[PDB]
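Single chain ahead, by itself, as structure tokens, in the form solved without its partner chain.
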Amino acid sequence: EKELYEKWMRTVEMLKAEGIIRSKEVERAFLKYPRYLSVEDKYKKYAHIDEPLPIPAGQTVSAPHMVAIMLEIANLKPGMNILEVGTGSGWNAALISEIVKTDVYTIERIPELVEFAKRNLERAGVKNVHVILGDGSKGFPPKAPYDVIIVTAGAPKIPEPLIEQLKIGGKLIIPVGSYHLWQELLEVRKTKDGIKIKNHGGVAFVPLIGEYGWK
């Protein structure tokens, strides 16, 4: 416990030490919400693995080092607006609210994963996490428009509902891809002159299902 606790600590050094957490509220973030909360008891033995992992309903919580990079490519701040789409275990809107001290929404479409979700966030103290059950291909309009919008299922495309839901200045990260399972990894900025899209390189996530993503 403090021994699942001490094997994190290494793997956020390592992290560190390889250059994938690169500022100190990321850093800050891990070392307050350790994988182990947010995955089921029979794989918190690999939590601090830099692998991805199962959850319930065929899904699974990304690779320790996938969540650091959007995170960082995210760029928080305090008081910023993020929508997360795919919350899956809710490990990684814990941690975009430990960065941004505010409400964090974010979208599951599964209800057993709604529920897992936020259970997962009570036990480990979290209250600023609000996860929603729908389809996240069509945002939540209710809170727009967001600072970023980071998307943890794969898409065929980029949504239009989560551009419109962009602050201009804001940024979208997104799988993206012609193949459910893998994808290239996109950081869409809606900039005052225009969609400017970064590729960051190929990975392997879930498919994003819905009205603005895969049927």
Second form
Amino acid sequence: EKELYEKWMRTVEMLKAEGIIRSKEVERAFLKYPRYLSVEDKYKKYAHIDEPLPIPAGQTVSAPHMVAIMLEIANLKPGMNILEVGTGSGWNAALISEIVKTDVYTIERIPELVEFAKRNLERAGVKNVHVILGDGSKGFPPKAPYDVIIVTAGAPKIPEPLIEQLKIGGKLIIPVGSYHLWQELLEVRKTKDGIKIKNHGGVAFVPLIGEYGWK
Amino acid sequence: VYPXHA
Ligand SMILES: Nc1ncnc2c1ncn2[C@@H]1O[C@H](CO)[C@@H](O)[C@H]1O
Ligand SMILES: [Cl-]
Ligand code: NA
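Shown: the form solved without its partner chain; wanted: the form deposited with its partner chain bound:
All chains and molecules follow, beginning with the one already shown.
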């Protein structure tokens, strides 16, 4: 464990050195919730490596740099109402909760992963995270609107339900592209008259599967 | 390398 954490601190230092982690909030979250806490034992020895790792049901937990990039873009503030689409391991949701300091909602379509995430969260002592079973491409009406919606799987287009569930001034961070595994990281800000889209560049994510994702 | 990365 001490070994795993020391390797993790090196990872964090690297991200700060590369200018990936640039804010105090994100550094604090990363140091509080290392990725090894969210992966199966057989993968904990690779948790510090800056690339994605496998998780049950054929999915993956994103690479540290990607999670950092997306969190920095989110510019999370205490009290914000956040929705994550694609819970996976529960790692990103834990990081989010550490920054917003309130209830966090995250949705996952695979039952096995919903339980996987809940277990990781409980074991790590996270309390404010609610893991939901469902199709996140439809968002999560019960707690909308949101300050930020972070999608961790790639879509063929921007899901309309996600734009509708954003507070005016809120933002949707999502990988969108014409390929199942190759997308453009888009930051969509909701305005009083429509939206503003900022393209952050190429990324590679597992496909978002659902009504407003890949079918 | 598995898919999420940049
Ligand atoms: N429509 C969806 N709703 C919720 N989670 C999803 C959806 N499509 C893909 N995922 C999940 O995204 C997670 C990203 O790590 C995976 O665990 C994957 O199952
Ligand atoms: Cl549920
Ligand atoms: Na993933």
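Residue numbers count along the first chain shown, from 1. Definition used throughout: the rigid core is the maximal C-alpha set that superposes within 1.5 Å between two forms.
If you fit the rigid core between the two forms, you'll see the Cα of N199 move by less than 2 angstroms.
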